[PDB]
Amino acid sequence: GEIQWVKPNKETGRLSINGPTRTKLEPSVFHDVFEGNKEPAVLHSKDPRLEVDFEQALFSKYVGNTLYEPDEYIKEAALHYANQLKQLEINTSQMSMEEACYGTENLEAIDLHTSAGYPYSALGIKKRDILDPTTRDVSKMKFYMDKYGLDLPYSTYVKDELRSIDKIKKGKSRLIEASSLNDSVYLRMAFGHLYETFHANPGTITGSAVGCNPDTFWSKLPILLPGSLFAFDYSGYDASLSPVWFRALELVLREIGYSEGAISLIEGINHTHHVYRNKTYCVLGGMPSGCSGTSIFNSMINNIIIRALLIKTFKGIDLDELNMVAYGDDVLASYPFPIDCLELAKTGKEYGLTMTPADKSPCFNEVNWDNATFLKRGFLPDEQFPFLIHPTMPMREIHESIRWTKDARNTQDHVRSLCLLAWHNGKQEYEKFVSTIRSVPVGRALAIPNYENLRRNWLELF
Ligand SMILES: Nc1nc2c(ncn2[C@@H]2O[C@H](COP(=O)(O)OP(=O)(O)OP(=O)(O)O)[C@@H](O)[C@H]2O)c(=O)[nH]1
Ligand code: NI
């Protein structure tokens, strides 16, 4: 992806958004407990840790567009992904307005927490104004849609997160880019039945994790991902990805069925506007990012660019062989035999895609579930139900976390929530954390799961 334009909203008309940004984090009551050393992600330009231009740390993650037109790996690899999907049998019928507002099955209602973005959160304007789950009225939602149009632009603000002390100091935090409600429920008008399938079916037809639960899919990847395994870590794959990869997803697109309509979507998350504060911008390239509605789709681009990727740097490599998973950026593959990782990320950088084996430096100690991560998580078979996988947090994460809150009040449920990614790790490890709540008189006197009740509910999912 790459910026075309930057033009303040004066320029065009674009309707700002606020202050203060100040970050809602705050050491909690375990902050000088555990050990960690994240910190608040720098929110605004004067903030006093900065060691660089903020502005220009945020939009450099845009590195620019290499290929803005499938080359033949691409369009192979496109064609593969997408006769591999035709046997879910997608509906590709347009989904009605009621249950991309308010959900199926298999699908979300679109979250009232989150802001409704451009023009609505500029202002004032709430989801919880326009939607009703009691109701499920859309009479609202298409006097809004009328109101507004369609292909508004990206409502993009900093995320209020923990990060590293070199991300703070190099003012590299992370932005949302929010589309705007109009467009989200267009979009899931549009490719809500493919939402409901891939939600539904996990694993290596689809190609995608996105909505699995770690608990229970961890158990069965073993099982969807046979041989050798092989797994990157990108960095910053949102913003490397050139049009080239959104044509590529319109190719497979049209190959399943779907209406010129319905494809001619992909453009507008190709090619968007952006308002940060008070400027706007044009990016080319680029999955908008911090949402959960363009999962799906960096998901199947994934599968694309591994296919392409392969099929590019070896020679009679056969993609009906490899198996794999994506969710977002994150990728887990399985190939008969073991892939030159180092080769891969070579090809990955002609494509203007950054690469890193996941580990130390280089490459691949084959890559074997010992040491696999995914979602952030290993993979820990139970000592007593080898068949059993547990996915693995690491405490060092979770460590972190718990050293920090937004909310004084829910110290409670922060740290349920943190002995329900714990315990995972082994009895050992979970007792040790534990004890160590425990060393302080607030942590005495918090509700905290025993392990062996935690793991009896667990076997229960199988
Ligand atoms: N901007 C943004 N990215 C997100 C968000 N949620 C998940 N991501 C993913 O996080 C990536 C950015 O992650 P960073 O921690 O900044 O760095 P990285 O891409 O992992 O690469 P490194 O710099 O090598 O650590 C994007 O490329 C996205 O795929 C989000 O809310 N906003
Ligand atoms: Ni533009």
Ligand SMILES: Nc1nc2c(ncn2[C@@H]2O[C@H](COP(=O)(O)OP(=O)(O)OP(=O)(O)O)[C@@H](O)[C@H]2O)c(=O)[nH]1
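Residue numbers count along the first chain shown, from 1. Note that the rigid core is defined as the largest set of C-alphas that superpose within 1.5 Å between two forms. First, how it differs from the form solved without the named molecule.
- Comparing the two forms between these two forms on the rigid core, the single residue of 109, 317, 363, 205 with a CA shift of 2 Å or greater is 363.
- Relative to the superposed core, residue 13 undergoes a Cα shift smaller than 2 Å between these two forms.
- In the core-superposed comparison between these two forms, the C-alpha atom of residue 293 has shifted by at least 2 angstroms.
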Second form
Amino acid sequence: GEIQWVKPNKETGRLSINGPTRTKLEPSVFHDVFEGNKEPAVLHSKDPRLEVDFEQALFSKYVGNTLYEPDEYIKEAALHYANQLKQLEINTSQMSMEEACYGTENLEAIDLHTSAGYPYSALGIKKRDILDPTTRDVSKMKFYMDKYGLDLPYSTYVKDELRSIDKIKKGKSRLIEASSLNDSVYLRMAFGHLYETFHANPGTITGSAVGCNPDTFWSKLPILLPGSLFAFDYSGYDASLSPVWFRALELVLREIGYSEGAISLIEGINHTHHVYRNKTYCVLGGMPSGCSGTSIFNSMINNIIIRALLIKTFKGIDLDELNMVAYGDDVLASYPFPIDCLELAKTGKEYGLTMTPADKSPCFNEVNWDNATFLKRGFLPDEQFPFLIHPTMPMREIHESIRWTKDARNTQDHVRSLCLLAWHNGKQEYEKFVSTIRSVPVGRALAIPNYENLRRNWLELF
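Starting from the form solved in complex with the named molecule shown above, please give the structure in the form solved without the named molecule.
Since only the chain itself is given, any partners or molecules it might have are not part of what comes next.
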């Protein structure tokens, strides 16, 4: 991805948003009971902790575009993923606005608590004003869709979340790039059925884990990805995507039967205008973070990329032997033989992709079921029933996170949530976690859930 220009909002005529004021994250009543080294991300320019220039840290994610136009390696990839999709019989037809907004059994309703984007947030119009689940009215949406039309700027602001000290010093906060309600509705209308099938089918046909529930999906993963695993990390995947990938996405949507109208939506994703604060700017390449189908399209795109890398890098590689699931940038794969990911990573840099070994690793080593990471989590066979895999959220992460809160009344649920994650790590870990919690009179007053109750519940899902 690459910014093409920047200009003042007076010139472009775009409305401006309020800068978020303070972080909403406070010290929790466990702030110093547990250890970690994370604080609220830098949320503005004058943050006393900044060792560098903010705005140029913000936008350095956009490392250029290396290629605008699919070569043969990419076209063949796209087509193989497209042919693979064929068997899911994706409904290529437009979804009703009602469903688009209000959801069906496999597409969640538009989230009423998120911002409505441009120009809604600048005018103080909230989704709640336009959308009511109790009536499923779409007449108001039609009205605003007429009023402001389509293909609007992405309203961009800083994500209020926890970051390492390293990222706070180095100004590496993350951006939220929210598409306008108008464009979310329209994208969902054009691709809602695709979203539905993808939610209903996490696995190796879609090649997508979006919407999976790791509680159960983890047990399928060994079966779905047999033979020899592989996995790595990308640095700033989203922003490093050059247009070529949007082009390749188009080939895939064409080949599975989409109309040209629906396909033209993609250019409005590959080429976006954003409004960060007082300026508006043009990005060409890069998946916006907050675009309706971000997750899926990123996941689809990654399906294209892994295949392209494979067949550009190795000869006689048979793509039907591949298995992968992708959740945005995050991929878990297998193949019947080992795969030299160092060479993949090199091929990757040619395309503008930065690939590093799995889990901050020193080296492109072995990934097996024991060290493998997916959606932050590791894989641990249940001791009694080894066919059941537990998703292991590192405790390090659970510790970091319990030390802060955005709502001071939520301690109870905040701890319970963390417990629902921590127990997958084993009885002895869990006890260690709960005992630290219970190490402080406030801990002791909480209803903390029982290890063997959590486990009996977990079994009852299989």
